[PDB]
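J.: What follows is each chain in one-letter form.
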Amino acid sequence: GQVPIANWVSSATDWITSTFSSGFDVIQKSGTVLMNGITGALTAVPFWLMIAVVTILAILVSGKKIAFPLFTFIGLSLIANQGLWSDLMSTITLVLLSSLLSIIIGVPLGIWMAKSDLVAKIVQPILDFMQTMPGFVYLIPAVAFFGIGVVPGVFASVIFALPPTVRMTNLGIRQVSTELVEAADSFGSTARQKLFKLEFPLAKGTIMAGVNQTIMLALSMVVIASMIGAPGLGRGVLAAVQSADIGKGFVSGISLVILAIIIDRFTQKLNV
Amino acid sequence: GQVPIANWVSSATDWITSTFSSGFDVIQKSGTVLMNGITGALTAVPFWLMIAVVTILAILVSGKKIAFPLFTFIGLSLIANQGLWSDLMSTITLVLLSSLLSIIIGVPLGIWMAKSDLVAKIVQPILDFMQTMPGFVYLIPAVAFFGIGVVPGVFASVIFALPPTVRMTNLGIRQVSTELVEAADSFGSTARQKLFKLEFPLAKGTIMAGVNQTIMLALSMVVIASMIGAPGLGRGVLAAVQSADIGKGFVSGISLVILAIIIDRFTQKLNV
Amino acid sequence: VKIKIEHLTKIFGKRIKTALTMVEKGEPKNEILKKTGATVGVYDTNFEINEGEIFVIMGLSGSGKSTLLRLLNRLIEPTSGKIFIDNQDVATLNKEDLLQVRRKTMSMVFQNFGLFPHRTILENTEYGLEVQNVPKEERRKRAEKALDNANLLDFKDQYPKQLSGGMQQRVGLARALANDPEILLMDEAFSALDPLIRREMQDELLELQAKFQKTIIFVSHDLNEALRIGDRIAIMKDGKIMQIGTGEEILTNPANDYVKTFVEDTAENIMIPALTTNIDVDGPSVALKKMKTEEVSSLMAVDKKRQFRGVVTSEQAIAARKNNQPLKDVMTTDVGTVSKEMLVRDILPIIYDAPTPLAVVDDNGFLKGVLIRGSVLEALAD
Amino acid sequence: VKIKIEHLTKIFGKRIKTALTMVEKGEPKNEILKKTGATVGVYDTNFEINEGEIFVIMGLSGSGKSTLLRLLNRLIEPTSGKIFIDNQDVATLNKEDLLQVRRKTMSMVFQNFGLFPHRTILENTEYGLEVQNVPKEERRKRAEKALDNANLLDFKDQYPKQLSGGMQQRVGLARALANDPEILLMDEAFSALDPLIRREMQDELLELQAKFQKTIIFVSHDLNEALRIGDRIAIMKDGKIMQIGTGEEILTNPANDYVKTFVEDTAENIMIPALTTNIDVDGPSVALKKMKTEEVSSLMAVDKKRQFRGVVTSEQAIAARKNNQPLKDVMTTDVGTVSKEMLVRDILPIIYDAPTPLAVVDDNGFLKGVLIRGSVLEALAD
Ligand SMILES: Nc1ncnc2c1ncn2[C@@H]1O[C@@H]2COP(=O)(O)O[C@H]3[C@@H](O)[C@H](n4cnc5c(N)ncnc54)O[C@@H]3COP(=O)(O)O[C@H]2[C@H]1O
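Protein chains in written order, with the entry's author numbering: chain A, 7 to 278; chain B, 7 to 278; chain C, 3 to 267, 275 to 391; chain D, 3 to 267, 275 to 391.
Chain A on its own, in the form it takes in the complex:
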């Protein structure tokens, strides 16, 4: 016999939209404009200046070796060249938004989890359930709630890249040697004290690792959401797919890669 999970889910969705309409709407409004604004700003700057700024930044992080800043300048020249700049800046605003949201919404959760053994049981299952899902589903409720655009994309990205942030957090916090915990507590240190003197300064490594992971996940999720609003090179690669156009697909994907590699080589070197 059949069970109506489709209808249940449909109905639930219907009910929600049909209750939180205004919230979603204003949220949409704010999101898009902000994103539009941000995009307009970046895309106000030239491309040359931006490349040179990133290049210096590379030197700053890595003063001696020559490969990464070299490659960064090269690829950004190339990307500016093919004309995929406005789309690039759309992609970057999308990411930054999704990543910051996922951080701001997960790190406290890693805290609450490392503190309570109940929340761990409640969430770990949710975390695996979300870490195994595909991206494709996440963006259907996105349009269901906000509709087409950037807002839905960053929503999906957040909900897709939160898990590892939260996980690595709770882990880097539950893995501090119990001696130091006991010590901090033996001198009458409130949770805040040890937390901002002992826990973070140590777990920071794993935290930034999970954060890099979260950023990459948000990036892939945006490349996906491109099939719904979500400007950026995702649209170019998508068109190339739906048109079998090898050239532009490879080109959009290579620009995306360059971007992601750069973001990584930056993040890695911000941990210590």
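To be clear, the hints were calculated from the coordinates, so they are not data collected in a lab.
Backbone N, C-alpha and C define an ideal beta-carbon position, used for all residues, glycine too.
Hints may contain errors.
As the list claims (entries may be wrong) - Not the full set, but computed from the structure, chain C residues with beta-carbon under 8 Å of chain A: (1) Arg105; (2) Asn114; (3) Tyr129; (4) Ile356.
Following the hints, position chains B, C and D with the ligand against chain A.
T.: Same frame as chain A, now just chains B, C and D with the ligand:
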């Protein structure tokens, strides 16, 4: 000024197809038929028997606890119910193919890497470059070479899920305590000897972990390739996306999840 | 008197009210476990402590001893009981007062020293005050002072991992002392060090306690580490088997039959490892180096084939050296060498003649050990 | 003679031909490093070895000593040199012959014992033959035999992690012996054990070498671990500073000025840690337990305030026990107590009167150490 990476890439692609045409063609032929054959087999079986078989298998792995086999039977009943069975079996043949190919093509690479410090330098960059890419690109050369279908999808899945397999391999092999290496060597043990007595039996944990990871990656890549041939619930979720149909999208994705969770809970419990 | 305990105990697992009621009647630990699965670490513990009264706590891994400490500090909340310090219970204190207590009265030392590798020894030392919201001047002052008191200040503004275990132990100890606590909890502190550094630190701790008279919960699984310092010992097997202390009463009037196997209370199995000198290869200078390291005045002499040969003395070696003569000639083959199995009053008339011990040479010339007045002990036990 | 070495050396990093040519002329290591960045571990090493001639190799962490071993076994390919074993070079051997050699002649022991935790002690023992493609019968037979020879067979068909360091060391040693090798390479084997187990294993190894006369490269950073057994020592600071051995020639005629600071070749800094007994708290039984553990016949007596008080003897304690009398009355306050800074030949006559040492009591009553005929040594050094 512009540089013609599009044209270069286009030209290269053109040249290859236009050289290895017959290979690709026969490979296609063999792939699809085999896949078709496998699918036909796996669909030949009823659904009820298959569920009960998987259920016993669950009990076998986990004799006491009742949650995982229970849930497996439940979700498979549900999946058989909505009618997503033939597509499911297409997805499973796709995965098994991609996963076995990626294993058979990466494990030796983890070997060669843990043995030679050159190959590590050569490959690690390739591994990061491929672990940061999106899936979307991978399937454009897939059609470029084989065309529409399952073959392209499993190709993409393999090339997308190889990296972590290879990485965890080379790592679990380079992380055995040097004392045991030196010992195996002090008694005149050829590389094969220590390798099949010492290296594997230890690195197996990390190896199976990277393999589980590889399987999940292949799964996501198939869900993606659904946009090109690649039957399975990927098509259902895709249609739901391109049609905003919440019900069927959620339903396909939940069946996929159930499948992935099951594959995990199986893999995890095959390490020791 | 400083501390006082009353029916204190701690229970782990779940379904702990039943276990509480059980111990309220005398239910053994094993039965409680089987019936509830709530493993107990402490069981109806009642005792007190006085000032300057180093109160060691012995036991085997699993006797739940460190747990008792973490209860006293309340790091682990007690299932029940009371702790009357300064006319002030401790298990019925709010958070503020408990923190102030931990800050003023108590302070801990740990096995692996509980040090923050991401700080400088100075910072780890002053943490106890940092968390008390005090200016940095006096913080650094008291820190430098405590460190000078341990003769490692110059090693400050460094990190732990680049030091030796002993230094890190001294560091944690100074960290605990900075607060001028009236109490010091110690959880197998010196158990991670070398036995030499162990004795050194024991003596330093005694010197401290002489200067500053403050109470100490010490913990250890080594009876010697306790007897050297302990003024009132307390043995522990999931309960206070014996806590009378006195050091000897545990050995004089051991109430239970398990303490006596813990302290190890007729044959000559007392033969001890010997100090050898293979004359066939080594020389006087070498024998003197060995006498110096082993910190003795004489040695036993064997053959290259491990066959007993005789005895050597410091003066004999010095004479052979000045004369440049070798061993095997400047020796004492005349010795009261004995066999492994004999009576405790066997070599009674000779043990006094030979100032040197009486090697227990194997029947076939091989050597096992020696005897230095440890025969008297069990000989008079009759 | 068994082994023979010729201009052997090893260089790390890159650009090693230049470093080779450099050492072919005598270029110091530091300059080679600065000019090429090719750190060297071995430098123009030339010596030989004989049979049954335990050839220890000392040095500090970085002297590149274990490297020399792994070169002898060829685990690390030599940059240059030759190794003439059984009239058969080793650096010019193909793979087959090198493996057969490693299987027949040589066998290693390691610091952390190099054990396969995923096997049973029996399997780890027989591995050396397993890799030689031999039937399981004789494999298990030789294994059980070697284990019985170490008195742990019953502990077989278990795993390492559930054992003690000493047992795992014995296990690796049996694994190496099973092959009946003519050689045994050892890389700080006993450096991971307790010094007591260390001495026990040293003596067991000597007994073995007595039974079976086979060559041994030993390695250690402890000069005593070498002097106890070493028949021909070789000190190492990136090169053979001294290899003559003889045990004493290193101390008798130390050629270089760095060996003499390695072996530690006018004030009375020789005061050694003392054995105390706080009469104010402890009793005769306790003092006897301490005499037993410390393995001595007498003790020093202090006050609860660490103030020196006198001396105790085993017989005095036994008498106070039988009589039930306490300490502080059955003692010897009459003693040749001395101060920290006395002249080289200060208590030159009294040291002989008092059989017991002469405690170096601090000016203020405190105690630091004692003196047992270690004064004679440096007194006659003049
Ligand atoms: N920190 C310390 N280190 C060493 N001794 C300390 C000490 N503090 C106090 N003493 C006492 O001083 C005496 C020094 O004895 P000496 O070393 O001249 O004479 C020693 C030594 O030359 C020799 N000996 C001691 N232990 C030995 C062993 N394990 N193997 C071989 N010979 C040994 O036999 C004599 C036995 O002396 P006994 O035990 O009657 O007496 C010892 C010991 O009881």
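J.: Against chain A, run the beta carbon of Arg105(C) and see if the smallest gap drops under 8 Å.
T.: holds, 4 Å
J.: Does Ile356(C) pass the interface check with chain A, least Cβ-Cβ distance below 8 Å?
T.: violated, 52 Å
J.: Against chain A, is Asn114(C) within 8 Å by beta-carbon distance?
T.: Holds, because the Cβ-Cβ distance from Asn114(C) to chain A comes to roughly 6 Å (cut-off 8 Å).
J.: At a threshold of 8 Å, is the proposed contact between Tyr129(C) and chain A supported by beta-carbon distances?
T.: holds, 6 Å
Violated hints amount to a single one, hint 4; each of the other numbered hints is respected by the structure.
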